[PDB]
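> Read off the chains here:
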Amino acid sequence: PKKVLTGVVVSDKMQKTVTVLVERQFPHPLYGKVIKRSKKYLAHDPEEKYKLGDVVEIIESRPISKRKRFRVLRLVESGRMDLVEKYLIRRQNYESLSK
Amino acid sequence: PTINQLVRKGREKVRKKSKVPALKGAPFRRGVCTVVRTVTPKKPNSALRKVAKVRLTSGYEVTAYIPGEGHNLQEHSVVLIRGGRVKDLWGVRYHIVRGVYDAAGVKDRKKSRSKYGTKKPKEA
Amino acid sequence: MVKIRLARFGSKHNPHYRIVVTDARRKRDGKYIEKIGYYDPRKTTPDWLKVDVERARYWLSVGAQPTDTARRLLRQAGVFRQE
Amino acid sequence: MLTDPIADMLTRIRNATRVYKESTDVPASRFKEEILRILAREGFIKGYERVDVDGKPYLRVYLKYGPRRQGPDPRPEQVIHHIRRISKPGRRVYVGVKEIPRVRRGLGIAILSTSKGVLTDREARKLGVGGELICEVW
Amino acid sequence: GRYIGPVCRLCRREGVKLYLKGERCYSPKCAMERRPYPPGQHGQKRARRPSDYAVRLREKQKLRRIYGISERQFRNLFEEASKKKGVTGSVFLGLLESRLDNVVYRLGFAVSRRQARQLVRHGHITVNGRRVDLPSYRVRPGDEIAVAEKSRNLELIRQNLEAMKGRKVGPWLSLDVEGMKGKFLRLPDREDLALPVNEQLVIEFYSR
RNA sequence: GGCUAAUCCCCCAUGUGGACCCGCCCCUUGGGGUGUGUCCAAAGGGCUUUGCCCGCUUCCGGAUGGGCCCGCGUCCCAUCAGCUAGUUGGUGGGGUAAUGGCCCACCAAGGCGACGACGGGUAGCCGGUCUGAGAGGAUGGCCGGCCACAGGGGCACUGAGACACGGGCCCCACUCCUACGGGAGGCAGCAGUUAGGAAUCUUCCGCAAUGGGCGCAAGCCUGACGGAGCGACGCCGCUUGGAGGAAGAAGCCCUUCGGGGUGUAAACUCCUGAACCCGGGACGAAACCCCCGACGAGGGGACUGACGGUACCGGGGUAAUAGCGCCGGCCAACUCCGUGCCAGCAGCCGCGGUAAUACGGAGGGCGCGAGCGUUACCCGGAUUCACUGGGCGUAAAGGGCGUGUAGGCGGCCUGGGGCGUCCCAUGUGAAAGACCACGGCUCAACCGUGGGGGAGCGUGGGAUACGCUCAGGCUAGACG
RNA sequence: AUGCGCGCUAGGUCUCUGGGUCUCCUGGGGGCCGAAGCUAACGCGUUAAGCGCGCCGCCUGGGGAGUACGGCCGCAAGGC
Ligand SMILES: [Mg+2]
Ligand SMILES: [Mg+2]
Ligand SMILES: [Mg+2]
Ligand SMILES: [Mg+2]
Ligand SMILES: [Mg+2]
Ligand SMILES: [Mg+2]
Ligand SMILES: [Mg+2]
Ligand SMILES: [Mg+2]
Ligand SMILES: [Mg+2]
Ligand SMILES: [Mg+2]
Ligand SMILES: [Mg+2]
Ligand SMILES: [Mg+2]
Ligand SMILES: [Mg+2]
Ligand SMILES: [Mg+2]
Ligand SMILES: [Mg+2]
Ligand SMILES: [Mg+2]
Ligand SMILES: [Mg+2]
Ligand SMILES: [Mg+2]
Ligand SMILES: [Mg+2]
Ligand SMILES: [Mg+2]
Ligand SMILES: [Mg+2]
Ligand SMILES: [Mg+2]
Ligand SMILES: [Mg+2]
Ligand SMILES: [Mg+2]
Ligand SMILES: [Mg+2]
Ligand SMILES: [Mg+2]
Ligand SMILES: [Mg+2]
Ligand SMILES: [Mg+2]
Ligand SMILES: [Mg+2]
Ligand SMILES: [Mg+2]
Ligand SMILES: [Mg+2]
Ligand SMILES: [Mg+2]
Ligand SMILES: [Mg+2]
Ligand SMILES: [Mg+2]
Ligand SMILES: [Mg+2]
Ligand SMILES: [Mg+2]
Ligand SMILES: [Mg+2]
Ligand SMILES: [Mg+2]
Ligand SMILES: [Mg+2]
Ligand SMILES: [Mg+2]
Ligand SMILES: [Mg+2]
Ligand SMILES: [Mg+2]
Ligand SMILES: [Mg+2]
Ligand SMILES: [Mg+2]
Ligand SMILES: [Mg+2]
Ligand SMILES: [Mg+2]
Ligand SMILES: [Mg+2]
Ligand SMILES: [Mg+2]
Ligand SMILES: [Mg+2]
Ligand SMILES: [Mg+2]
Ligand SMILES: [Mg+2]
Ligand SMILES: [Mg+2]
Ligand SMILES: [Mg+2]
Ligand SMILES: [Mg+2]
Ligand SMILES: [Mg+2]
Ligand SMILES: [Mg+2]
Ligand SMILES: [Mg+2]
Ligand SMILES: [Mg+2]
Ligand SMILES: [Mg+2]
Ligand SMILES: [Mg+2]
Ligand SMILES: [Mg+2]
Ligand SMILES: [Mg+2]
Ligand SMILES: [Mg+2]
Ligand SMILES: [Mg+2]
Ligand SMILES: [Mg+2]
Ligand SMILES: [Mg+2]
Ligand SMILES: [Mg+2]
Ligand SMILES: [Mg+2]
Ligand SMILES: [Mg+2]
Ligand SMILES: [Mg+2]
Ligand SMILES: [Mg+2]
Ligand SMILES: [Mg+2]
Ligand SMILES: [Mg+2]
Ligand SMILES: [Mg+2]
Ligand SMILES: [Mg+2]
Ligand SMILES: [Mg+2]
Ligand SMILES: [Mg+2]
Ligand SMILES: [Mg+2]
Ligand SMILES: [Mg+2]
Ligand SMILES: [Mg+2]
Ligand SMILES: [Mg+2]
Ligand SMILES: [Mg+2]
Ligand SMILES: [Mg+2]
Ligand SMILES: [Mg+2]
Ligand SMILES: [Mg+2]
Ligand SMILES: [Mg+2]
Ligand SMILES: [Mg+2]
Ligand SMILES: [Mg+2]
Ligand SMILES: [Mg+2]
Ligand SMILES: [Mg+2]
Ligand SMILES: [Mg+2]
Ligand SMILES: [Mg+2]
Ligand SMILES: [Mg+2]
Ligand SMILES: [Mg+2]
Ligand SMILES: [Mg+2]
Ligand SMILES: [Mg+2]
Ligand SMILES: [Mg+2]
Ligand SMILES: [Mg+2]
Ligand SMILES: [Mg+2]
Ligand SMILES: [Mg+2]
Ligand SMILES: [Mg+2]
Ligand SMILES: [Mg+2]
Ligand SMILES: [Mg+2]
Ligand SMILES: [Mg+2]
Ligand SMILES: [Mg+2]
Ligand SMILES: [Mg+2]
Ligand SMILES: [Mg+2]
Ligand SMILES: [Mg+2]
Ligand SMILES: [Mg+2]
Ligand SMILES: [Mg+2]
Ligand SMILES: [Mg+2]
Ligand SMILES: [Mg+2]
Ligand SMILES: [Mg+2]
Ligand SMILES: [Mg+2]
Ligand SMILES: [Mg+2]
Ligand SMILES: [Mg+2]
Ligand SMILES: [Mg+2]
Ligand SMILES: [Mg+2]
Ligand SMILES: [Mg+2]
Ligand SMILES: [Mg+2]
Ligand SMILES: [Mg+2]
Ligand SMILES: [Mg+2]
Ligand SMILES: [Mg+2]
Ligand SMILES: [Mg+2]
Ligand SMILES: [Mg+2]
Ligand SMILES: [Mg+2]
Ligand SMILES: [Mg+2]
Ligand SMILES: [Mg+2]
Ligand SMILES: [Mg+2]
Ligand SMILES: [Mg+2]
Ligand SMILES: [Mg+2]
Ligand SMILES: [Mg+2]
Ligand SMILES: [Mg+2]
Ligand SMILES: [Mg+2]
Ligand SMILES: [Mg+2]
Ligand SMILES: [Mg+2]
Ligand SMILES: [Mg+2]
Ligand SMILES: [Mg+2]
Ligand SMILES: [Mg+2]
Ligand SMILES: [Mg+2]
Ligand SMILES: [Mg+2]
Ligand SMILES: [Mg+2]
Ligand SMILES: [Mg+2]
Ligand SMILES: [Mg+2]
Ligand SMILES: [Mg+2]
Ligand SMILES: [Mg+2]
Ligand SMILES: [Mg+2]
Ligand SMILES: [Mg+2]
Ligand SMILES: [Mg+2]
Ligand SMILES: [Mg+2]
Ligand SMILES: [Mg+2]
Ligand SMILES: [Mg+2]
Ligand SMILES: [Mg+2]
Ligand SMILES: [Mg+2]
Ligand SMILES: [Mg+2]
Ligand SMILES: [Mg+2]
Ligand SMILES: [Mg+2]
Ligand SMILES: [Mg+2]
Ligand SMILES: [Mg+2]
Ligand SMILES: [Mg+2]
Ligand SMILES: [Mg+2]
Ligand SMILES: [Mg+2]
Ligand SMILES: [Mg+2]
Ligand SMILES: [Mg+2]
Ligand SMILES: [Zn+2]
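Protein chains in written order, with PDB author numbering: chain Q, 2 to 100; chain L, 5 to 128; chain P, 1 to 83; chain H, 1 to 138; chain D, 2 to 209.
Where hints are given, some of them may not hold.
What the hints assert, rightly or not - Between beta-carbon pairs, the in silico distance windows are:
no., chain 1, residue 1, chain 2, residue 2, range
1, L, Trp94, D, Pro197, 19 to 29 Å
2, D, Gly180, L, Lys115, 56 to 66 Å
3, P, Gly30, D, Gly180, 51 to 61 Å
4, Q, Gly33, D, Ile5, 42 to 52 Å
5, D, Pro142, L, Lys20, 33 to 43 Å
Stated by the list, open to error - Calculated pairs, EDC-like style, for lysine to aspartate or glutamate (alpha carbon to alpha carbon, straight line, at most 20 Å):
no., chain 1, residue 1, chain 2, residue 2
6, Q, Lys34, H, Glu132
7, Q, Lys69, Q, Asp13
8, D, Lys84, D, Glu150
9, Q, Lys34, H, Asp4
10, Q, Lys40, Q, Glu58
11, L, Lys114, L, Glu73
12, H, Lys21, H, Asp52
13, Q, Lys34, H, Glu99
14, L, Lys119, L, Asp106
Everything labelled a hint here was simulated from the structure, so no lab data went into it.
Virtual Cβ for every residue (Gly too), placed ideally from N, Cα, C.
Could you build all of it, start to finish, from the sequences and the hints given here?
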């Protein structure tokens, strides 16, 4: 099975590519609770069809570029910018924490 | 700590520092005597304890104890360092193994002979 | 190519072999594709040869080559018998 | 807001019984009802009733204890000697069937929530399912 | 070399008769005849209350000296019994009772255990028709343990067996005196043997 | 510079078929079919010579071994907080078996980071192993799997496969030969040497076995390997005797001078017979090959040992090594004498300043025993990093106080979804190991055969209490 | 020398500030004794140091040492 996941599109900014943020959950190997972690997949949108805020299924594919091994499968939810604004908030928090 | 706190910070495994750099992780180091002298012990006792400054194969200079009654060591004799320290002495971290190299064993000792490095005498 | 052969599982002076399908280039005693039979030359028990002719004939069908001794034992179990 | 409602129930019971109160009210939820029903069935409470306090639903748990005793401190052996939460929010604990605890050498129980409903460790094992391990009582 | 040297001294330190000499441990010489105190300069001195450790160690030593086993063989045996299914103490005794030399003693072929050992190592014993010269060897139920056909007219053997005429053997054992053969019927339980040993003390000793 | 053969190189043909552009069809990333057009095949040799063999060529499958890509897991320091220019994507192209900024050109302005980027330190990874009641901690020698390297650094060539340990080129360091122009090496293969170190083996035997390369075979090669040697390094087996033998010798020790002790221990009697000598003497080895049959199936025949005259069996046969730690408490084992804060002990507590079970000897005793101790190191105890399983008024420990960002956490009822959760089936979880059982070396160690178990992940199916999500209600919280 | 929030577990008494048919009752603060319970003790006890949940901060023998080095603040002193 080509692995297929779900995320939300946090980056408009490339040509025929979309940054898709994908959360995942799992129990903690020692302390036992559920922890939530996430990573950004760089996905192939040849049509420039998927836009920001789109929650999309994403798929294991033939390599496109460096960093692009995944292409966009379909659109599931449209326009959750609550997710995007959450992630953007984090990225703005980055500007603290330094020197 | 909350569990979430443990998931964040975790618990710190704590390391122990080696009571002995004979380096190498080695059980013994060979060395040469530098100074072979006597020293007075810490506050609760009195005696003259016999020690050598040793320059190790391992690059270190260390003071080693010379156990037992008699001893033959002098400025140039080469010796074996076995480690384990002397409590009522200042900075003596290792013992000299007797019987090895220029260390002789302890003459006439009948009792715990392998400590002190003396052979089993014959009988009549 | 792929071989049907013996691999040494005994102990010193106590040799016991596994009859084994493996690539030719493996270590003798290293990881193989299948264990088809067992062989105990010193015949120390009633069964000193097991074969499983069914898998043997499979591997022959896809062109594993048995070594000379392998094939002796194989044929001893009548993997090759036509009647 | 109670952060853990279910614990708040268990504890309401704990303090209640530790003073030998005859009954105690807990704000009602269907799930709490279930847990209770298990205790009742298991002989740990006397039973409970759905009830109304200032027009808000509660479940009233009627507690049981042992006989009176002799010597100094006549106070009765508790029937619920021990009752505690296992899963809590913020650490959720789920056992599969082979991981289902036996309790106090069989003399106690554990109450698990499962997709077959709320059952005792024995119940769950016989049903051959696991789930969220809610609490242990003994 | 499992212990070789003055023995009735161990009888003495363990405080009970172990029968290590066979006959004469049956005489009024056993030194448990009027020296039941332990060996040494201090034997006749009032004895201080034993530590828990002492008690346990001593019980273990009692059992070991009874069988005449190395510590290591004894430990290995114990551990091998702690592994096995069934009560460890009893399994242990059963395993100890299964050494060939012990079986030879038990069958009357030899007078003491140490003697039985010598008989085995010297190949005067067969088990199911073949010579077994290992004392450690495990007799299994069903085994026939015989005097060697060649060793059959040996002086020590003849005397030892004409002794056993009319004697009763262990209830886990069969004996045929004419044939100088015997069969190990089943493993013994702790009631089958009389050992002056609380085995549970030994389980505890190795439990530390 | 000259000659010459081929299963060496080439050219024309045959085109089963295949490759490439283009069109259509099916399928869906470059999978399959089809049509026109262009392009592409070969190699001989042996005979029991009219046929059979060993080969060659094209194509389709198979098998086996690989490449590349993805999810997840994978040490320490935040006193490393920002990193990024082929860097991030796009188009076209180069390159390859193949995707890919792998490389290039042109375009865009991206990509990554407190969910720890960047930097520094350390390190082959694993099956497993050690320890622990477990959870956990520690580890990865030997064996098996993977990776990486072959004096250091780069590079390609040949080839199915290498960027190749006993192949090639160059730079560097080193050794050696030199007629000073210039050459030759590369044990982290087996042995062995030397240096370093507390420390790690024979310049052995053999190709008989199993395995590998080439050969139609016969065979050849094989320090892979099968064996032997040395080391108590480990593990297991076994010996140094067995029975009798005094109210209990000498010696020695203690002594209240009566005696107590070493002790059945010795002496001695009888018996057995490690060592050792003689005779027999293996298994591992039946194939390949030859013969009939058909070079098949099947049947028959022959050769072949390093271990080694070894193991083993039979006969004969001698009473035949014991040592090391310890005896103040933890800890099992006490007395005398010597010493007099000395000499010395010592893991901690602490012993020694004239009555020392703590130093040193002796008698005695306790413990293990071909070992016994010591040193180093790991886990243990240590619930002393506390998931299991700790805490913070005064013992170490509440931030000086707030605001709120990320993040953690979320009252009552209903319905959908079924992600967490749980269940069934299935696939995987190699072998070895661990476990149980039977079995093979006289036992064991060691070994074989069988069986069981199992986390995790993949797929299909199912459950819906709880957690989530979506929808819709409520008012006990919150706000107004 | 006692983080915040919530729920639960006898009472007695004194007080500050509301409401109520105003011996008294019912809220919200401040004190003292004290049930259960906790605690090494002293003590805490509806103003928990009791029973529970959520989340944050912190601890891991003493001395060396709030030191050294590094970084970051600060005009400095000095702070983290
Ligand atoms: Mg776009
Ligand atoms: Mg691309
Ligand atoms: Mg698609
Ligand atoms: Mg930035
Ligand atoms: Mg900061
Ligand atoms: Mg002193
Ligand atoms: Mg000299
Ligand atoms: Mg030490
Ligand atoms: Mg000493
Ligand atoms: Mg290979
Ligand atoms: Mg047999
Ligand atoms: Mg057969
Ligand atoms: Mg066939
Ligand atoms: Mg599971
Ligand atoms: Mg057992
Ligand atoms: Mg008897
Ligand atoms: Mg019986
Ligand atoms: Mg008896
Ligand atoms: Mg008894
Ligand atoms: Mg144990
Ligand atoms: Mg233990
Ligand atoms: Mg020419
Ligand atoms: Mg010519
Ligand atoms: Mg042509
Ligand atoms: Mg054609
Ligand atoms: Mg293409
Ligand atoms: Mg050609
Ligand atoms: Mg031609
Ligand atoms: Mg493949
Ligand atoms: Mg660059
Ligand atoms: Mg362009
Ligand atoms: Mg491209
Ligand atoms: Mg290139
Ligand atoms: Mg290539
Ligand atoms: Mg170009
Ligand atoms: Mg460019
Ligand atoms: Mg992340
Ligand atoms: Mg490095
Ligand atoms: Mg390294
Ligand atoms: Mg490491
Ligand atoms: Mg721990
Ligand atoms: Mg583990
Ligand atoms: Mg590791
Ligand atoms: Mg090595
Ligand atoms: Mg090796
Ligand atoms: Mg390896
Ligand atoms: Mg290199
Ligand atoms: Mg080298
Ligand atoms: Mg170099
Ligand atoms: Mg190189
Ligand atoms: Mg080739
Ligand atoms: Mg390479
Ligand atoms: Mg080489
Ligand atoms: Mg090579
Ligand atoms: Mg050159
Ligand atoms: Mg030369
Ligand atoms: Mg050379
Ligand atoms: Mg060269
Ligand atoms: Mg070498
Ligand atoms: Mg040297
Ligand atoms: Mg070797
Ligand atoms: Mg040779
Ligand atoms: Mg060969
Ligand atoms: Mg061969
Ligand atoms: Mg060939
Ligand atoms: Mg021929
Ligand atoms: Mg030839
Ligand atoms: Mg050669
Ligand atoms: Mg070898
Ligand atoms: Mg040596
Ligand atoms: Mg030696
Ligand atoms: Mg041994
Ligand atoms: Mg006699
Ligand atoms: Mg008599
Ligand atoms: Mg006497
Ligand atoms: Mg005497
Ligand atoms: Mg005298
Ligand atoms: Mg007197
Ligand atoms: Mg006397
Ligand atoms: Mg004797
Ligand atoms: Mg006599
Ligand atoms: Mg004889
Ligand atoms: Mg004789
Ligand atoms: Mg001979
Ligand atoms: Mg043979
Ligand atoms: Mg034969
Ligand atoms: Mg041959
Ligand atoms: Mg013939
Ligand atoms: Mg013919
Ligand atoms: Mg023929
Ligand atoms: Mg044939
Ligand atoms: Mg034949
Ligand atoms: Mg020979
Ligand atoms: Mg021969
Ligand atoms: Mg014969
Ligand atoms: Mg013989
Ligand atoms: Mg003798
Ligand atoms: Mg004798
Ligand atoms: Mg001794
Ligand atoms: Mg004391
Ligand atoms: Mg001990
Ligand atoms: Mg003691
Ligand atoms: Mg003196
Ligand atoms: Mg004096
Ligand atoms: Mg004195
Ligand atoms: Mg004094
Ligand atoms: Mg003394
Ligand atoms: Mg001492
Ligand atoms: Mg002493
Ligand atoms: Mg002594
Ligand atoms: Mg002794
Ligand atoms: Mg050792
Ligand atoms: Mg180690
Ligand atoms: Mg430790
Ligand atoms: Mg523990
Ligand atoms: Mg610690
Ligand atoms: Mg603690
Ligand atoms: Mg905890
Ligand atoms: Mg603590
Ligand atoms: Mg607190
Ligand atoms: Mg105070
Ligand atoms: Mg404090
Ligand atoms: Mg404060
Ligand atoms: Mg706040
Ligand atoms: Mg929030
Ligand atoms: Mg919500
Ligand atoms: Mg809820
Ligand atoms: Mg939430
Ligand atoms: Mg629902
Ligand atoms: Mg599901
Ligand atoms: Mg089902
Ligand atoms: Mg399965
Ligand atoms: Mg697999
Ligand atoms: Mg599974
Ligand atoms: Mg396995
Ligand atoms: Mg095994
Ligand atoms: Mg198991
Ligand atoms: Mg067996
Ligand atoms: Mg398991
Ligand atoms: Mg597993
Ligand atoms: Mg599913
Ligand atoms: Mg449903
Ligand atoms: Mg709602
Ligand atoms: Mg309303
Ligand atoms: Mg009340
Ligand atoms: Mg008023
Ligand atoms: Mg008040
Ligand atoms: Mg109070
Ligand atoms: Mg009280
Ligand atoms: Mg508490
Ligand atoms: Mg109290
Ligand atoms: Mg209140
Ligand atoms: Mg009040
Ligand atoms: Mg307050
Ligand atoms: Mg509170
Ligand atoms: Mg407290
Ligand atoms: Mg600590
Ligand atoms: Mg410190
Ligand atoms: Mg300061
Ligand atoms: Mg620094
Ligand atoms: Mg500074
Ligand atoms: Mg600052
Ligand atoms: Mg400044
Ligand atoms: Mg200041
Ligand atoms: Zn006796």
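> Are Q:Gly33 and D:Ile5 spaced within 42 to 52 Å by their CB atoms?
Cβ of Q:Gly33 to Cβ of D:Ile5: about 59 Å, so the range 42 to 52 Å is violated.
> Return holds or violated for the Cβ distance of L:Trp94 and D:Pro197 against the range 19 to 29 Å.
Because 57 Å falls outside the window, the suggested range is violated.
> Could you say whether the range 51 to 61 Å given as a hint is met by the Cβ separation of P:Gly30 and D:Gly180?
Holds: the Cβ-Cβ distance is about 55 Å, inside 51 to 61 Å.
> Going straight from one Cα to the other, do Q:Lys34 and H:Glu99 come out at no more than 20 Å?
holds, 17 Å
> Is the hinted pair Q:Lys69 and Q:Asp13 satisfied, with a Cα-Cα distance of at most 20 Å?
holds, 15 Å
> Verify the CB-CB distance for D:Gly180 and L:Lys115 against the hinted window 56 to 66 Å.
Since the Cβ atoms of D:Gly180 and L:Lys115 sit about 57 Å apart, the hinted range of 56 to 66 Å holds.
> Straight-line Cα separation of Q:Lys34 and H:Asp4 no greater than 20 Å?
At roughly 16 Å apart (the allowed maximum being 20 Å), H:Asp4 and Q:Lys34 satisfy the hint.
> Verify the proposed pairing of L:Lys114 with L:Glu73, using a straight-line Cα cut of 20 Å.
holds, 12 Å
> Tell me if the straight-line CA distance from L:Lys119 to L:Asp106 falls inside 20 Å.
holds, 16 Å
> Check the hint pairing D:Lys84 with D:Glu150 against an upper bound of 20 Å on the C-alpha distance.
With Cα atoms ~38 Å apart, D:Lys84 and D:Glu150 exceed 20 Å; violated.
> Below or equal to 20 Å on CA atoms is what counts here, so check H:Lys21 against H:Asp52.
Cα-Cα ~19 Å, so holds.
> Is the gap between the beta carbons of D:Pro142 and L:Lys20 within 33 to 43 Å?
violated, 54 Å
Checked against the numbered hints given earlier, this structure breaks hints 1, 4, 5, 8; the rest are met.
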